[PDB]
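Got a structure for you, questions after.
Incomplete set of chains, arranged as in the complex.
A, B, C and D are the chain letters, set down in written order, and residue numbers restart from 1 in every chain.
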Amino acid sequence: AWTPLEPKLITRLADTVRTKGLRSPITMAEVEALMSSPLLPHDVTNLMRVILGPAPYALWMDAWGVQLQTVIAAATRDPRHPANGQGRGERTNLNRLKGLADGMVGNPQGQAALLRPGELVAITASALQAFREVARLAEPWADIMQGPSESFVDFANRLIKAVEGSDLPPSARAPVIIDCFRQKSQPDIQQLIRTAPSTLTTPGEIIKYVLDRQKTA
Amino acid sequence: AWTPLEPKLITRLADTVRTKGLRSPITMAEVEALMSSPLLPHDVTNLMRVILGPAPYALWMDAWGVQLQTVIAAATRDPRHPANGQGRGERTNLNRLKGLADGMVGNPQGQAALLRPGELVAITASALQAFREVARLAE
Amino acid sequence: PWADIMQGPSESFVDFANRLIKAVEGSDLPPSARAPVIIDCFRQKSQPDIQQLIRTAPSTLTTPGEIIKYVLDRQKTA
Amino acid sequence: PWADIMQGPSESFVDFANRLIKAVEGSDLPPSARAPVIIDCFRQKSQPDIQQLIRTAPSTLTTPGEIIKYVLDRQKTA
């Protein structure tokens, strides 16, 4: 049975997007919050219709379609997709993902009936990635320096944000974050990381080490 | 059957962490509240992704891994773990605890299917201890 | 009225696109005629700097979102 | 003479292409050397706006007809 999202939460999220913008970490946290339960294409479509303006909504429709197409390519590349089935009769077409298939157009109840939970979570992750792309597009990691007065956790937050919300492949983010911790992060912390008796091979480990041995001031 | 946590509660908890910080007793009480029912690795992972910033989230992933490794050492030190079974075929690997095992990666429904209640409570206690460590470390 | 919408001399492009998409989708056109109309209104409205920017597109833009992305990339920062 | 043909500052591109193809095909070149010469004359003549338009072609144009189509699509309406 389909239950709609509260218009009160949607109104609060819309005003959050209106005042803070699309890219603020609080806005992305709120979107992740309202993106907790797997939503039907109807829900996400109406949500983006309400919270986004017309032009960002067009951009988001484009990006969502592209991400869903990548998902369907991965699905035809692996018959063990949680949206797919074992036989060929359960293969998931883009009409079923975008809610355009038969028995789904405009009807959220029938949508919730025929859709799979794997389908729902794939649609939801696709919509979240598309929202991230459009937010990064509507309004550079290698230009980030730790200010003379800035703390280290703020610098790490800013750097990880800019590196993960960029055009790098997923397998190239951790080495870049590490090598940016080592070369940025003004020479006191640079020497603190350099003289590490242990080898730090993860951004979390570097952050923990620096937070332990940092110069309290 | 898997039911997600309310995004309203998650938004309220995120704003609590944003205003009060990670170490306030009210924040730890709220986390204990949202840590009441045994959560699947998917739930806790997304929860920490939403409520924590990027750097605290990295620290928390590290600490959670370490605590889960201690749990798995205690599990191989005692075949009577509520996550383990009696035979050797029920021994619980870290891929099954972190949600990385087969049939679980990215799918919360399959996760809830294959996981044990002892597995869930162990994962939950590990995540709570890791949150405590990171909160004590961040400030 | 959608056919009377022009991009003002001082107006940005995202505001013009928002206004145009709003007026086109909230009108009496069939659903299958909105995207071509939005594209052809981007091409003929949207004062001649952006008109020439869209005209000299080495790729073929076949969607309002793609046109918006291209224009936002290559727009004259001012 | 084909090697003396330039696109005038005010001349359109289809007139220039007509004149150039006429002078190249009605000349002393072998039949198998007309298309490469027409292409390389499109690239080096055809005043620098169209020169840069052909240079920045995401696709590789390997025929005078394809070059003409591309330029007619992405030309600066004026």
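Quick note on the criterion: a contact is a pair of C-beta atoms (placed from the backbone, for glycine too) under 8 Å apart; a residue touches a chain by one contact, two chains touch by 3 or more.
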* **Subunit count for the whole complex, all chains sharing one sequence, 4 displayed** => 10
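We take it that only the chains that are shown with their structure count from here on.
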* Structure fact -> Cα centre of chain C to Cα centre of chain D, whole Å, reads 31
* Structure fact -> Chain-centre distance (mean CA atoms) for chain B and chain C, in whole Å, is 48
* Asked: So, what's the distance in Å between the C-alpha centres of chain B and chain A?
  -> 20
* **Partner chain B, residues of chain A touching it in the complex** => 6, 9, 25-26, 29-30, 32-38, 82, 117-118, 121, 125, 153, 156-157, 160-161, 164, 202-205, 207-208, 211-212
* **Residue ranges of chain C in contact with chain A within the complex** => 14, 17-22, 25, 63-66, 68-69, 72
* In the complex, go through chain C and note every residue touching chain D. => 51-52, 55-60
